[PDB]
Every structure is written in C-alpha cells, then in structure tokens.
Amino acid sequence: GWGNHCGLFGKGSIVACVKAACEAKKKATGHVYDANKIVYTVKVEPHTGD
Amino acid sequence: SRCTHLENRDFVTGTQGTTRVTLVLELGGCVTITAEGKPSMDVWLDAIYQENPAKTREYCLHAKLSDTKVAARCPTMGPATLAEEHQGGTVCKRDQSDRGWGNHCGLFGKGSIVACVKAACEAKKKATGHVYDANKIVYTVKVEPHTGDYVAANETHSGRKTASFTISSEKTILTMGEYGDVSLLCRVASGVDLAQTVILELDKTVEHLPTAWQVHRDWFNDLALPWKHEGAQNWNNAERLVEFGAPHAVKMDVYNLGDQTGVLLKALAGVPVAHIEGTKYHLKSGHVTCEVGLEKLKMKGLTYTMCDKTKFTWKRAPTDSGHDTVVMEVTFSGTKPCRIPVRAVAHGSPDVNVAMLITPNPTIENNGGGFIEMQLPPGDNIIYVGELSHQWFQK
Amino acid sequence: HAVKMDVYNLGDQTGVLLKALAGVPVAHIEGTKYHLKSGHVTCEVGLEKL
Numbered sequence: 383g384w385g386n387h388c389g390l391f392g393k394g395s396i397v398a399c400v401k402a403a404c405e406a407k408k409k410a411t412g413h414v415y416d417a418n419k420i421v422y423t424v425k426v427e428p429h430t431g432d
Numbered sequence: 284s285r286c287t288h289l290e291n292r293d294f295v296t297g298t299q300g301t302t303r304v305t306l307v308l309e310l311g312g313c314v315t316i317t318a319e320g321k322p323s324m325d326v327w328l329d330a331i332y333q334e335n336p337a338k339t340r341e342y343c344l345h346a347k348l349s350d351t352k353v354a355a356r357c358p359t360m361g362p363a364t365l366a367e368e369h370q371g372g373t374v375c376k377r378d379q380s381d382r383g384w385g386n387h388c389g390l391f392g393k394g395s396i397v398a399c400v401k402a403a404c405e406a407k408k409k410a411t412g413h414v415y416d417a418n419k420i421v422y423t424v425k426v427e428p429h430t431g432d433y434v435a436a437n438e439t440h441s442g443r444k445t446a447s448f449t450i451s452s453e454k455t456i457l458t459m460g461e462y463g464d465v466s467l468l469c470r471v472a473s474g475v476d477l478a479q480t481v482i483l484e485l486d487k488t489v490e491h492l493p494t495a496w497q498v499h500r501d502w503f504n505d506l507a508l509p510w511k512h513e514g515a516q517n518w519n520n521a522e523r524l525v526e527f528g529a530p531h532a533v534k535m536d537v538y539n540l541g542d543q544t545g546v547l548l549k550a551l552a553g554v555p556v557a558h559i560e561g562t563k564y565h566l567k568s569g570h571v572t573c574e575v576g577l578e579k580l581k582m583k584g585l586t587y588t589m590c591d592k593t594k595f596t597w598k599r600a601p602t603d604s605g606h607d608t609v610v611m612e613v614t615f616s617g618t619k620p621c622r623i624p625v626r627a628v629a630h631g632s633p634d635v636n637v638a639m640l641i642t643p644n645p646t647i648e649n650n651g652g653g654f655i656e657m658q659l660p661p662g663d664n665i666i667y668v669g670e671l672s673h674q675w676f677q678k
Numbered sequence: 531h532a533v534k535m536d537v538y539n540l541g542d543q544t545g546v547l548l549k550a551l552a553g554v555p556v557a558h559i560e561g562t563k564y565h566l567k568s569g570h571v572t573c574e575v576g577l578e579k580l
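Protein chains in written order, with the UniProt record's numbering: chain A, 383 to 432; chain B, 284 to 678; chain C, 531 to 580.
Treat the hints as calculated values from the structure; they're not laboratory data. Among these hints, one or two may not hold up.
Simulated crosslink set (PhoX-like; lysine-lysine; CA at most 25 Å straight-line) [stated by the list, open to error]:
{"#": "1", "chain 1": "B", "residue 1": "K444", "chain 2": "B", "residue 2": "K579"}
{"#": "2", "chain 1": "B", "residue 1": "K376", "chain 2": "B", "residue 2": "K352"}
{"#": "3", "chain 1": "A", "residue 1": "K401", "chain 2": "B", "residue 2": "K352"}
{"#": "4", "chain 1": "A", "residue 1": "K407", "chain 2": "B", "residue 2": "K408"}
{"#": "5", "chain 1": "C", "residue 1": "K579", "chain 2": "A", "residue 2": "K407"}
{"#": "6", "chain 1": "B", "residue 1": "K563", "chain 2": "C", "residue 2": "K567"}
{"#": "7", "chain 1": "C", "residue 1": "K534", "chain 2": "A", "residue 2": "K409"}
{"#": "8", "chain 1": "A", "residue 1": "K409", "chain 2": "B", "residue 2": "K407"}
{"#": "9", "chain 1": "B", "residue 1": "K419", "chain 2": "B", "residue 2": "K347"}
{"#": "10", "chain 1": "B", "residue 1": "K567", "chain 2": "B", "residue 2": "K338"}
{"#": "11", "chain 1": "C", "residue 1": "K549", "chain 2": "B", "residue 2": "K347"}
{"#": "12", "chain 1": "B", "residue 1": "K549", "chain 2": "C", "residue 2": "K549"}
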C-alpha cells in the first residue's frame, strides 16, 4: 500500500531465495556391499604349550 | 496516518459529550479515534518488554566431553576408583568386565572397572529461560495526530509521541504539539498474565532463527537436558547426553549423544516467538486497556478562510485504503493557510453531501496538509475538492 | 511482511539421527575397509596333514 510505496493497497508478489549447501563434515553417507568383493578373514593358531 | 500502514485497524468513535474513550490495544493492532470537534488520533500498543529479566535454569544442548579416564582391577584386587568419581563436573559409570590370564589377571572372573569424563557445554549451545516480574514489565504506547500529512512506514511523523507504562505509573499526560494535551491511563494489570511464561533464548546471534520463544513454564522445567544455574560452574544431570559402552577388559567407551538443537527446534515449531533487543526481552503478542482523555484536544485551522476552489489538483487520486475508506492527496497552488472545501455527492443527487471525513478539518498549511481520508456510501459518487472532481465507485 | 520474508534453518539433525540409531547395530571403518561387527561363515577344516 502507500505505507510501503505502492500506488494501490493490495497483494503484491514477493519471492525469497537462499543458496543451500551442507556444513563441512555434516553428511550421512550410505555404502552397499558387493557379495563378490566382500572378504572373510580366518585365523588359525596351533596349541604349542605356550 | 500510521494506522493506514497495517491490516489490523479498528475505528473508535466518540459522539456528543464523549470526552473519555476506553480502548483495548493489542500488539500488531492500531486504533483510529475520531470525535466531534476533536482532531483525530491514531493510538497503538507498540511494545511489551522487561529489561534484564531474572534467569531461571540454563540447559546444555551439546555436551563437550574431555579427559576420559578408566581404572580397572583384577577379580581379587577390589574396587577400581578414580579421583574424578568425587569431583563435580564429571560423569562416571562403574561396571564389571571379564578378566583372566589374557588381560593379565591371576584369576578368570569379573573385575571392577570405572570410567569418567569431564562434562562441560559447547560454547553457544545453551538454552536459557527468563521470567518476567509484573512490577518491572513496561508497556509502550504511541499516539499520532491526524495532521493531513501522509507519511510512509519507513518515515517518521514529527507529531508522534511515546508513553511508557509500568504497574506503579499508570497515567501519562502527552502534549500533542498545537493540538493540546491528551491523557493516557493504561493498566498493566489488565495486560497479559505472565505467571506460566518463560522466554527461551538459545544463541541470539544465529542469523536464520528467531531470537527467542515464549514457552510454558512446566514444559521448560521438564526438559531432559543437563542444567545449572547461571553462574554455577558445573552441570547437573550431565549424564543425560552421555552413554557408556559395555566394558571389555580394561576399556569402556564413552558416547556423546550429539547436538540437541535440532531436536529442540522441532519441539518449538508452532510455539510463539518472542524477541530480544540487547537487554530488552519483548513479547510479540499481548494487549492492554487504556482510557484516553480527549477534553484538552483542540482542532487546528478553524478560523482560516476557505481555500480558493480553483487551485486544487490531485497528487494522489482517490484510492481504496483496504479499510473501507478512501484516501487521496491534493496539491494547492493558492495562498496558504486555508480550509480545504471537500465534499462528495452520490451520482444523481448533487445536493446532499455524503462524505464522512476521518481527517479532521482538512487544511492546507504553509508547509503541510493535503492528505484526506474519508468514508463514502456504496455506489457511484463524485468527490469534490472545490472545483476539482473525481468519480468514485464505492465497494 | 511488505518487502521482506525471513528464512529459517532447522538446525543440525545429528542429534535427531542418533536417537533413531540407538539400538541399531554398529559397524566399523578402518581407512578404506568397511567392516561388519557381526556375522558368520561355515568352513571345512582338513586335518589329515597335521
């Protein structure tokens, strides 16, 4: 309206935007396994009396 | 007129004899007072606040843990102990771990283990509550006379006056320039009850957040977070943000539950905001009833001659104000000061003046005047400012 | 309001995520190795040459 420098009193269009990024070290990342690349490690130790 | 700047506007009108007017002013509202033989006045409650209110508890939203210490004893060696278990400002957990030859104990069995961390709060990660004292709260009321000058919201009206009220000082007499004196009696006791209110403050320097919230005392007192009194060195219930892992041999992990700000903010959605300006803690919603004394107010320019009916032009053609009134502004090129000859007729009845003026005794002063606000009946009308005319369809 | 519109940030969601993650099993990362902390495998052990 006149109070904010418009000729008419009514609804005026307004649009606001912000650039959105992510804070450093504030991510949550997911990882998936490939059954063909997964490794199983097995250890064996003899009973040596020690 | 200031009230034309907002959507929330009320009109109060005093008739014959009405010398006093009782209004209920609300934050975000505005009242236009009109009365026979009196200059019109715009009045509004501008702020409600208290400087340096008392602080109740401070809560910690993000624990800063450091100096993790663990003490463990073999099954026959007795209780494990740390000096920290007796210090304030530390969180500890005593448990039992499985011990045996593998971790250097003579026997295979349960051994005592105790782990402690020093618990403090991250800088700027506090949530502090404040309480109002009804005897120290201030209500600010503004008054502005209708001078026939239009001023935008970002501009300052030279005739605007401010009055402050506290419970112990309920009456003020304001001198409205040449319009006389107006008396204001506002009772803070008629205002908002603040017994169950707490103003919650996080970090007011954060840019994308309100500076404060108005929350319920019982909700605030039940927050499951570490807390302390301002000034106290350590936190009570610091364990609320710390978890201990199951022990294994001579070790026990300490986990931090992270920053609780996001959690709090979800709880605060839908809660009303408040505002902090330095040391002033403001309510953003509230009301107060005032009695306005109009008897000492006098109109301006009643003895001027009528302006030359030939010298008016439209600076701002008649326009809808949004309050079912019409606003306009004229320019006068004749000799000042003088009374503006304004009137309006319904299409077809040139004899009956149908204009109800909001602006009192419109005049063109040596350095002002010209803005007029009026109400007209529905339908086609013609507005006249002397010989200057304008068609106007009302509604 | 008039020619302005405020933008609010909902804050760090880490605390919210961590509450959801309580009771979820942990895993472990060692450099480029992504380890499971729970699991099993069946093996056949040949003893004839011992």
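Hint by hint, here is what the structure shows:
Straight-line distance between C-alpha atoms of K444(B) and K579(B) comes to about 16 Å, which keeps the hinted pair within the 25 Å bound. Taking the CA atoms of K376(B) and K352(B), the gap is about 11 Å. The hint holds against a cut of 25 Å. For the hint pairing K401(A) with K352(B), the CA-to-CA distance comes to about 44 Å; that exceeds 25 Å, so the pair is violated. A distance of roughly 18 Å separates the Cα atoms of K407(A) and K408(B); the hinted pair therefore holds under the 25 Å criterion.
Between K579(C) and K407(A) the CA atoms are separated by roughly 53 Å; this puts the pair beyond 25 Å, and the hint is violated. With a C-alpha separation of about 54 Å, the suggested pairing of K563(B) with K567(C) is violated against the 25 Å cut-off. Simply put, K534(C) and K409(A) have alpha-carbon atoms about 31 Å apart, too far for the 25 Å limit, and the pair is violated. Using a Cα cut-off of 25 Å, the hinted pair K409(A) and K407(B) holds, with the two alpha carbons roughly 22 Å apart.
Distance restraint check for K419(B) and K347(B): the Cα-Cα separation of roughly 37 Å exceeds the 25 Å cut-off, and the hinted pair is therefore not satisfied. For a cut-off of 25 Å, the pair hint linking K567(B) to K338(B) stands: about 19 Å separates their Cα positions. Restraint check for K549(C) and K347(B): the C-alpha separation of about 18 Å stays at or below 25 Å, so the hint holds. Taking the CA atoms of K549(B) and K549(C), the gap is near 14 Å; set against the 25 Å cutoff, the hint holds.
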